[PDB]
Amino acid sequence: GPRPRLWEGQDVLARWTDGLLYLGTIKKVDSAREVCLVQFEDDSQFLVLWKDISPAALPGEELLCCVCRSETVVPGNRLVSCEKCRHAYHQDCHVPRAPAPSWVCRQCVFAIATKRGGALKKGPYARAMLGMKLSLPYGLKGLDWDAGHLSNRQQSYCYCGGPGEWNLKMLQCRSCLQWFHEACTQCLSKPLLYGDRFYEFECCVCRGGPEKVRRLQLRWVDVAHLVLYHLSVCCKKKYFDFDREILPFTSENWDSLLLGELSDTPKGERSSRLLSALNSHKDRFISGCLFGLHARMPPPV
C-alpha cells in the first residue's frame, strides 16, 4: 500500500493492559505481526498491537472515515465527526451505530470516563460510557482462549477491546466469561487487589444495563493469600517481611479489602489471625520474619 496508517516517528495514544491510554512515539512498524514498537514518556519501549494504537486526526482527513479509510457515503450511512478527537466515522463503522448528523466517539468517551480505581459514575460522560458499554467492538465468539479461560490469542478484552492480564485488576463476567478492566467498570466501591477473584460480576452487555457486582466473603486464609499475592505482583519480589510490609499493608488498606464479617474483628487481634493463617497453610506459604507464596498464583476461589 502507498499510504500506511502508522509510521516511524508518529505520535500516538496507545491503550495499555489497564485499558488506559498513554502518549507514545512509534519507533518501529512491524507489518507482519501488525505491532509497533512504541516509546512512552518514561522512555520505556513495548510492542503494541495495531488495534491499540490511535494517532491524531490530521488536516485533510476531515471527510475520511477513520475506520475504513473511505470518503464515500450513501443515504443510510453518513459521516459523523467526533467533537473531541475530530476523527470522522461512518455511522455503521462506529460501535454502536452513530446517530445521524454534538457527538463524541467511543474511544473519546472511554478516554474521558475511564479512571484508575473505576470509571466515572455520575454525569453525562458516565451515562455515555454506560451506553457505549452495551456493545462490544469485537466478536466474543471468535476469540481463542487458553485452557483456564484466562487469556485469548487476539488479546481482546473488556468493553474497550484493549489488551489485558486477568490477574492485574480485571474482573471476569459470570455469563460470558470475558475479563473486564477495573478502569472501565462503574460498579466498584473500592479498587481491586491484584488476582482477586472473590467477586460475582455480570457485565453491561450480558445484562443489557448497568453492571452487577457482589463481593464474596473472605476467610482469614484468603486474606493472607490475597495480600501476599497482591504484594508479590506490586513489588515484583517473592518474600515479604511480616512486620515491615505484610501487616502494615493490611492495616493501612483494611477498609479497601472489603472483608465483610471479618471487618469488625478487634484491631488488636488482626495481626494474630493474619500471622496464624500464614503459619498454618504450608501448602500455600513459604516461611523464612519473611513469608512468600509457592509458585506465585492468586488465591483459589
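Residue numbers count along the first chain shown, from 1. The term rigid core refers to the maximal set of C-alpha atoms that superpose within 1.5 Å between the two forms. First, how it differs from the form deposited in another entry.
- Annotation for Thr265: C-alpha shift of 2 angstroms or more between the two forms, rigid core superposed.
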Given for the second form:
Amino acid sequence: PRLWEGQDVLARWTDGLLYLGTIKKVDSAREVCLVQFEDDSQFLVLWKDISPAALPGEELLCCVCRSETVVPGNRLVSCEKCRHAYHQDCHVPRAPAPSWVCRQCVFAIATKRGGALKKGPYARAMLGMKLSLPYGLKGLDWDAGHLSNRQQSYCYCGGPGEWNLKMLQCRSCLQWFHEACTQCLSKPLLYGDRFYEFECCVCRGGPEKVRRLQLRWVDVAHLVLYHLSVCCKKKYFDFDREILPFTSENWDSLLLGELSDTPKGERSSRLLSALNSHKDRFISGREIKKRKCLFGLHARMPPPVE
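Hand over the structure of the form deposited in another entry; the form deposited in one PDB entry is what we had up.
The next block holds one chain only.
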C-alpha cells in the first residue's frame, strides 16, 4: 500500500510536534495506524498525520495528488529537506517556481514547546506559511461546544489536538491552535486555561494578537487545581505543599494581572478562602476522611470563563 508494518515514519502528535515512530499495525478501513514511539508508548495516529520517508526512486511526482502530469502554470517542486515533491497548486500556500522548503519541514524546524521561534529566517518563513490553512475550515464538523471536530483537523498545521491541552481558541474563526505553533506567547500555557483573547494569523493576515484576561481568585484556584490534576494524574492536592507552592513559585508565569497588587502575605488566605467558599467547584479532603486542607475538583473539568 503506502504504509507497512515495521516502517519508520514521522507522526504529528496532539501538541503539533513531530516524533519518530514505527508502524505496528495498519488499519486501512479507518485510515489509522498503531504507532510506537521512542519511549515505547503506543498510540493511534491518523494517516493525515503520518509522514513516510521520500523514496529515492520516486522522482518528481506530487506526494499529494500522486500524479506525474505537469502543466505550465503548475510545475513540480522538490523540498530541499524532505525531498518530497509538490505541484505548485498542491501545496499551501502556492509553492514558488524554482532552495524551497515545504510547509511541514518549515514547521518541523520552527515549532518549539512554549511557542515556536519568534525571530530568524525560519520564524519569518513559518509566519508566511501560517497566513493560510492546509485544510478547509468551513468543511469541519464540530461538537456543540466547538471544542473538537470529527476530522481532527486543528491549528495552522492541520494536526490533531485537544483544546484543553495547551491550545488557544481564535475569537474570530473559533479554531484551536497549538501552543508550539504560536509565536505570540510570553509564558507557557497552563492546561485548560481559556483566560485569553487570541486571534490567529489567518484571520489577521499577519502576526497573532493575544491578550491575558483578568483572573479572579476562584479562577486561580480552579485553574491551578485543574492544571495540576492533569499533570500529576491525581485528584487531591495539599494546599501548603502542592497548591500554594505552585502558585507562589510560578506567580509571574501565571499572568495574574491585578492580583499582583494583593500583598504577598495575604495571597495564601485569598486562595485558601476561594477553595473553601466554592463547594460546587472544590471538594475538601475531609469528605473522604482525610486532611481538611486537601482539595480537589468534583469533576476534572477546566475553569469556566466569565
